[PDB]
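Presented below, as structure tokens, is a lone chain in the form deposited in one PDB entry.
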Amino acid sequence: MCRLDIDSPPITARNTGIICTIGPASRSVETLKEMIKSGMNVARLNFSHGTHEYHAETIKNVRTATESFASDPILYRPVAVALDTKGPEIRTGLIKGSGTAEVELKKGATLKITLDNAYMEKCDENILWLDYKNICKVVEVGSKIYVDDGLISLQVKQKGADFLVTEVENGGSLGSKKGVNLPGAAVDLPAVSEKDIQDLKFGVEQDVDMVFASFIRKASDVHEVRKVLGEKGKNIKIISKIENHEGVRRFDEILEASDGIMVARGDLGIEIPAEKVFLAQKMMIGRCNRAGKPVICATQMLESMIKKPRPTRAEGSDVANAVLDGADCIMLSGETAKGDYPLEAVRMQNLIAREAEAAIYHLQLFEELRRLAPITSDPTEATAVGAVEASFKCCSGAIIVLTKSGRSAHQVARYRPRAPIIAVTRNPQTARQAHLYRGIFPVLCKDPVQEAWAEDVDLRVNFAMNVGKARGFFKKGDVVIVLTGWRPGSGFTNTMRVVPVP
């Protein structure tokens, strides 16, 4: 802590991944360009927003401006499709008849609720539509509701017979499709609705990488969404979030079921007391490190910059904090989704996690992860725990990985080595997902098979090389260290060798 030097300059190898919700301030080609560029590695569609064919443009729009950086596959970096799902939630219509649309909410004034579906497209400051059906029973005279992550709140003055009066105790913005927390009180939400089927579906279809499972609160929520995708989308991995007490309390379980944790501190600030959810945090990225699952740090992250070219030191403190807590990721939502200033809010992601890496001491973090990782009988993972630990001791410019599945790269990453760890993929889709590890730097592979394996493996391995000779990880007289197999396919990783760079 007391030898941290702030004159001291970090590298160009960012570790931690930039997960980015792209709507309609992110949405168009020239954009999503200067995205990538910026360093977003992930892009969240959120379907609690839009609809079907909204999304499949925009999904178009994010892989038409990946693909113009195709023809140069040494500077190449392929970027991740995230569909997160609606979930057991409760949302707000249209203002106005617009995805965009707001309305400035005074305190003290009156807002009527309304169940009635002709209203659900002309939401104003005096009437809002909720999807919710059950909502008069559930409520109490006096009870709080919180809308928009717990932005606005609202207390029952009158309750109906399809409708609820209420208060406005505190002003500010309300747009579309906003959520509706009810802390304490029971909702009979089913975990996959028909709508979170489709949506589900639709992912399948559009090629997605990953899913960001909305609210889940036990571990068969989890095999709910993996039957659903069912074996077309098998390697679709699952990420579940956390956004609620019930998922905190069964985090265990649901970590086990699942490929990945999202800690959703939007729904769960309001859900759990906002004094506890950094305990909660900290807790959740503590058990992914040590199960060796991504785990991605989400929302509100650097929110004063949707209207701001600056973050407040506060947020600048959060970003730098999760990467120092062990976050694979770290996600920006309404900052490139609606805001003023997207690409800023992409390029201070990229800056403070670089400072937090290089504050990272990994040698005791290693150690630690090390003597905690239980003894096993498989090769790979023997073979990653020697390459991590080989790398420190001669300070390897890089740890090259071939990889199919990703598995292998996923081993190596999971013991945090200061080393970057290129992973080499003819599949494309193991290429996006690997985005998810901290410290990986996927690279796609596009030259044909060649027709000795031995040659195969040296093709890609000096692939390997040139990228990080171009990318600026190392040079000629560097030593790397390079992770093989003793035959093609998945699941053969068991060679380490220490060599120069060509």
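Residue numbers count along the first chain shown, from 1. What changes on going to the form deposited in another entry:
- Split into two rigid parts for the change between the two forms, the chain puts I236 and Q349 in the same part.
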Second form
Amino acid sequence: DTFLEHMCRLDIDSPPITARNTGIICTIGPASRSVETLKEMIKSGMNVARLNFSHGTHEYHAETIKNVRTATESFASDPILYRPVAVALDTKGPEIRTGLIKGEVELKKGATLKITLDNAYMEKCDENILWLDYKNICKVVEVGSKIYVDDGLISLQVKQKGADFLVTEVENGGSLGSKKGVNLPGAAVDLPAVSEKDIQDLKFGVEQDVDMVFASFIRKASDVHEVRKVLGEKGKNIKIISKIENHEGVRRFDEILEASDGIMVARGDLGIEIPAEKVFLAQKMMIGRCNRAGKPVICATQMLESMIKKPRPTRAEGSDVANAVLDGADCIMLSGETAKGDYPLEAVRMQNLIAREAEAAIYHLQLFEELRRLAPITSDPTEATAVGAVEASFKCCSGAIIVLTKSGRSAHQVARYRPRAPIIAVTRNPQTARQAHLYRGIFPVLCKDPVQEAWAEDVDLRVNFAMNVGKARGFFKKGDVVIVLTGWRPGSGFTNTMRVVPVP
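Just the form deposited in one PDB entry so far, so send over the form deposited in another entry.
All you get below is the one chain by itself.
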């Protein structure tokens, strides 16, 4: 009845029998590359596998994808318990990176550091000289500008502008390693959004059959469509997730969202570009707008960073990941925790626990009450059935909303209204089953059975397939009642048929 009293009833000693509705995306790297480890990671709750193309070769990532798909299809023998695992391609984009250390160096406060463009010191960086790959650096920043190196752990101040160099004073010190990312906040970064390397990697994704692309450093709508053109006709089905990681992306969010399939909120990279006391507002703004438009939103960076070396996360991390879920994030991404961490499996397992516990603190009723009031007054048959199905899901105490779909668009439209009941998406399309994980609350199942001659025989077969899996995952028992969404005729165009069927 009230959100306030809903928070008052939260018991920590009471185990949560609420399904972990958010999708877990894991960055696959050197520590989780093997087939055997991936098998366990899928069981723990991995839904999407991210491949970071900032490092490694095409051949390296090709073997990674093979290991991901081998571990996934090891459960294909049992379609009742099978889980679709999506493949993701994270682009490098316009990055500025440091060189190599001669022979990690320790930087002291107030010390003079010379950032050069001379390729003689490319692989000879020390406590005095530094090299980076952005040739137009002295043309974009003036005297007094702040240069951030390695997650913004090392901060510099330009004392004097040079020709092919920059004289900087160290404000924040630390262990400066090789090949580290460089940030220039408030600079006219004139690097292309889609570099020549990005064009190579994006086309490789088309050939490796990726389900989604995480496009880095997206600043405007024209950037998104440049990624759309590179994917072309053969990659028209691949979902483009635009990563917001600077101030311009926050400023021009409306045009980015309207051009993109989804948005990734990189809170670490954003925290360096914009002031720290404003990042929480940007996260809550961007997630809320993605909820309004009904497009997937992923939270990345600074999630469980402590789990790279320790088998347990801290308090602040557990609270921060949970608050992202409460904001309305569809997915939450693990970076170095699963990529190169000492405890990759535990990083996935803890994420399942943190997200599942956050589910109890979500007041679903209000979300649907509010989303239907902003839902445009339309006569769209699918949209009217989507509202009606979620409306009926709350009133019938429904175990699930079974949605029969080919494209996924009808199942995605149900997810927009955020129901308590999990949305079982029945499909024969393997890609749309993988891509369904981007959305919160959608439980995708892949029907392997052939298309039945009669239309009614096919629907009842797919409904009974979803009924079996829903009972297997404990969503609903025998005496429960669920909602089924289908079309009316073969080649319908609209998923407008809603029926309230009791579970056999």
